[PDB]
Amino acid sequence: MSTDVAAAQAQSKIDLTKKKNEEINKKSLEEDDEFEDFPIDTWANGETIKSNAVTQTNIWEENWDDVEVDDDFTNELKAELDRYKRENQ
Amino acid sequence: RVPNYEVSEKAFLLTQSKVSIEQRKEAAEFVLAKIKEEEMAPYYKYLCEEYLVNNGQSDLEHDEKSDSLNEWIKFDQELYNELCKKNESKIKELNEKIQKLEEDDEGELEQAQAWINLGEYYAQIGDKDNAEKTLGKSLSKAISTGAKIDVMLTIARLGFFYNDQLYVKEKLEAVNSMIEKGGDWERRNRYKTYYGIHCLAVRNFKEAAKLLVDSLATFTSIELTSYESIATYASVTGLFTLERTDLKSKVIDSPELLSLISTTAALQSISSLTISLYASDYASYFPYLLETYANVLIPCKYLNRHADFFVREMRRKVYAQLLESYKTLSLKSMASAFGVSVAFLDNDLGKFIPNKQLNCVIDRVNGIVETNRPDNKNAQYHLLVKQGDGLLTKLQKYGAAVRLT
Amino acid sequence: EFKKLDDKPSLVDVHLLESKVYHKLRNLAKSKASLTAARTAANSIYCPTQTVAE
Numbered sequence: 001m002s003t004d005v006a007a008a009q010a011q012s013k014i015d016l017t018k019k020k021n022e023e024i025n026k027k028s029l030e031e032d033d034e035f036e037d038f039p040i041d042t043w044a045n046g047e048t049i050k051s052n053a054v055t056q057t058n059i060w061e062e063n064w065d066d067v068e069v070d071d072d073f074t075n076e077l078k079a080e081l082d083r084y085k086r087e088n089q
Numbered sequence: 020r021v022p023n024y025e026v027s028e029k030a031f032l033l034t035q036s037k038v039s040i041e042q043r044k045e046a047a048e049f050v051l052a053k054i055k056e057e058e059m060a061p062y063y064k065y066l067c068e069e070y071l072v073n074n075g076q077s078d079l080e081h082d083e084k085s086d087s088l089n090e091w092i093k094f095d096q097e098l099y100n101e102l103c104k105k106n107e108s109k110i111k112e113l114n115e116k117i118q119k120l121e122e123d124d125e126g127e128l129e130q131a132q133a134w135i136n137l138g139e140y141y142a143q144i145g146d147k148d149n150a151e152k153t154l155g156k157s158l159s160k161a162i163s164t165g166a167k168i169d170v171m172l173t174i175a176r177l178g179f180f181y182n183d184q185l186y187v188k189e190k191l192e193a194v195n196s197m198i199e200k201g202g203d204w205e206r207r208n209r210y211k212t213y214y215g216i217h218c219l220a221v222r223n224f225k226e227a228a229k230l231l232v233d234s235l236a237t238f239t240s241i242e243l244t245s246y247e248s249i250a251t252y253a254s255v256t257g258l259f260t261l262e263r264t265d266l267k268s269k270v271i272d273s274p275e276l277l278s279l280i281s282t283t284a285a286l287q288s289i290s291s292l293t294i295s296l297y298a299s300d301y302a303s304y305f306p307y308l309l310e311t312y313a314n315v316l317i318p319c320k321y322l323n324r325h326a327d328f329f330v331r332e333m334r335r336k337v338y339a340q341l342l343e344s345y346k347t348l349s350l351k352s353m354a355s356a357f358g359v360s361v362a363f364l365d366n367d368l369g370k371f372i373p374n375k376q377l378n379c380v381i382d383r384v385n386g387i388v389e390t391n392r393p394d395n396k397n398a399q400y401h402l403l404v405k406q407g408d409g410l411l412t413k414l415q416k417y418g419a420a421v422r423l424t
Numbered sequence: 164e165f166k167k168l169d170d171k172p173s174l175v176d177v178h179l180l181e182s183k184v185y186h187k188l189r190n191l192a193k194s195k196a197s198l199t200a201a202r203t204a205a206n207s208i209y210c211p212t213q214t215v216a217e
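Protein chains in written order, with PDB author numbering: chain Y, 1 to 89; chain R, 20 to 424; chain Q, 164 to 217.
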């Protein structure tokens with residue numbers, strides 16, 4: 001979310017009357033939220049959500065298995081392939 | 020109580036197209052029989068959605084794909100008619116009983132027992148929302164502490180039906196409050212398993228093992244899945260968590276598993292895998308590992324999303340064990356034991372090493388596999404500095420905030 | 164059902180066979196449990212020499 005623990009820095013900082021003005025001033029420097037452009041260009045986004053479920057849309061602990069496919073299918077072939085060569089060597 | 024999960028278990032297996040041809044067509048039979056007989060009518064419409072891109076579909080009112088690999092899937096109009104009839108009927112009967120309990124005072128115990136029956140029907144038909152409402156009135160009338168705990172578990176179970184992990188999680192906070200109010204060890208075992216299954220449903224298994232190895236000894240089951248089913252889940256969670264010395268005690272030398280034997284496929288494959296990790300028969304390890312993918316990980320609801328992670332881990336452990344006993348190996352010896360090729364072996368090591376649990380390098384040139392050891396005082400130094408780096412970050416971070424105030 | 168009709172030392176042998184069953188199912192947690200119950204039915208002094216040898 002943000003650097004460090006994102007959860008530790010959200011409660012450290014919350015709204016006061018002093019603070020509210022500074023939020024608007026910061027926003028207005030670049031202008032907007034900068035979070036309306038992505039919905040317009042794509043006209044409804046199409047993220048990486050297909051590969052698995054530890055992807056971009058994730059709300060549970062990551063498994064780290066989106067950088068790599070399932071090699072178990074491959075292994076089924078590799079195992080059998082070895083048996084056949086081995087047998088006549 | 021009994022169809023509520025058993026129909027969902029088979030219906031999940033039926034959804035997949037990444038199962039065996041044979042296993043999907045066996046499941047499909049149990050699901051279909053139970054819709055007609057038990058009046059699972061609304062969840063059956065729901066289930067037509069849940070394929071969609073996966074095959075099997077052959078429904079008369081709901082989408083079909085071009086490839087029907089199943090035919091123990093049909094929508095009939097009789098199902099719909101039935102619904103309408105049965106619905107009004109059950110509703111009408113109990114209502115009148117509730118009014119009767121109002122006229123002559125009896126409504127503390129009996130009206131809540133009527134509303135328990137209403138949520139079980141609601142639950143039967145696959146409505147989490149309206150089951151829960153009825154199970155809400157049951158609370159308000161003052162009943163035993165035992166009854167109150169039993170009800171919350173039932174509601175959390177309806178969370179498992181739609182495979183919504185958050186819906187389980189939220190309800191099981193409330194049981195944690197009442198459990199010590201009743202103070203039962205009976206409904207605490209149920210709690211241990213209820214939680215068991217919930218912890219198994221999410222990524223992290225560390226909690227799961229602990230609850231589920233215990234659930235072998237003493238189990239009490241009210242709307243909680245079979246004892247052979249619970250045994251299978253426990254062997255999975257044992258493997259993940261524990262290493263040799265501990266592992267051997269817990270899940271091979273349990274009296275409970277040893278009296279239950281193996282008679283079914285699922286239990287059998289998982290069990291044989293576990294002894295082979297201990298016993299350093301690595302040959303027979305990979306046939307068992309492959310069996311574990313098809314028959315154990317994937318048809319399970321609570322491991323469909325953790326199947327990929329579990330097998331990858333398994334490959335990491337077994338090779339890492341071998342490495343602990345070696346300083347040098349050869350490429351061919353190592354490959355032969357597994358029953359793979361040297362070329363294929365280098366390839367599987369080369370995904371696993373960067374992330375590292377193996378702690379090895381490979382000299383492709385001298386033809387050895389060499390093993391580096393950072394376990395000494397060096398290891399313990401690296402452990403501490405990192406844990407300390409975080410304490411330094413947190414101290415800084417809160418401190419800037421108060422110094423600003 | 165024969166434990167309300169507990170009077171026979173021929174219940175020694177039934178506990179002994181239950182012990183043998185758990186022995187080859189290879190759990191000795193439960194093996195001991197039925198062995199205790201075998202010594203309890205054979206605490207009666209009217210048991211044959213052969214059953215005690217067992």
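Derived from the structure by calculation, the hints contain no laboratory data.
Cβ coordinates follow ideal geometry from the N, Cα and C atoms, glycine included.
Among these hints, one or two may not hold up.
Some chain Y residues judged to face chain R by a derived CB distance under 10 Å, without partners named [stated by the list, open to error]: (1) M1; (2) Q9; (3) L29; (4) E30; (5) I40; (6) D41; (7) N45; (8) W60; (9) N63; (10) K78; (11) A79; (12) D82.
DSSO-like cross-link-like pairs, simulated, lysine-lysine; straight-line CA separation at most 30 Å [unchecked claim]: (13) Q:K166 / R:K269; (14) R:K156 / Y:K19; (15) R:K188 / R:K156; (16) Y:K85 / R:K156.
Checked hints:
1. Violation of the interface hint for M1 of chain Y is found here, the shortest Cβ-Cβ separation to chain R being roughly 15 Å, above the 10 Å cut-off.
2. Given the 10 Å rule on beta carbons, the hint for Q9 of chain Y holds: about 7 Å separates it from the nearest Cβ of chain R.
3. Proximity of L29 of chain Y to chain R is violated relative to the hint, the smallest CB-CB distance being about 21 Å (cut-off 10 Å).
4. Given the 10 Å rule on beta carbons, the hint for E30 of chain Y is violated: about 24 Å separates it from the nearest Cβ of chain R.
5. Checking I40 of chain Y against chain R by beta carbon gives a least distance of about 29 Å; that is not within 10 Å, so the hint is violated.
6. A least Cβ separation of about 27 Å between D41 of chain Y and chain R goes past the 10 Å threshold, and the interface hint is therefore violated.
7. Because the beta carbon of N45 of chain Y sits about 20 Å from the nearest beta carbon in chain R, more than 10 Å, this interface hint is broken.
8. The beta carbon of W60 of chain Y is positioned within 10 Å of a beta carbon in chain R (closest approach about 6 Å), and the interface hint is therefore held.
9. Taking 10 Å as the C-beta cut-off, the interface hint given for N63 of chain Y holds, the closest approach to chain R being about 4 Å.
10. For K78 of chain Y, the suggested interface contact is upheld, since its CB lies about 5 Å from the closest CB of chain R, less than 10 Å.
11. Annotation: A79 of chain Y was flagged as interfacial toward chain R, and the flag holds, the nearest CB pair being 6 Å apart, inside 10 Å.
12. With 10 Å as the threshold, the beta carbon of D82 of chain Y comes within range of chain R, its nearest partner Cβ sitting at about 5 Å, so the hint holds.
13. At roughly 35 Å between alpha-carbon atoms, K166 of chain Q and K269 of chain R are farther apart than 30 Å, so this suggested pair is violated.
14. Straight-line distance between C-alpha atoms of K156 of chain R and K19 of chain Y comes to about 47 Å, which puts the hinted pair past the 30 Å bound.
15. Note on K188 of chain R and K156 of chain R: the hinted pairing holds, with a Cα-Cα distance of about 22 Å set against a maximum of 30 Å.
16. Only pairs whose Cα atoms come within 30 Å are accepted, and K85 of chain Y paired with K156 of chain R is rejected, the gap being roughly 69 Å.
This entry does not satisfy hints 1, 3, 4, 5, 6, 7, 13, 14, 16, going by the numbered hints stated previously.
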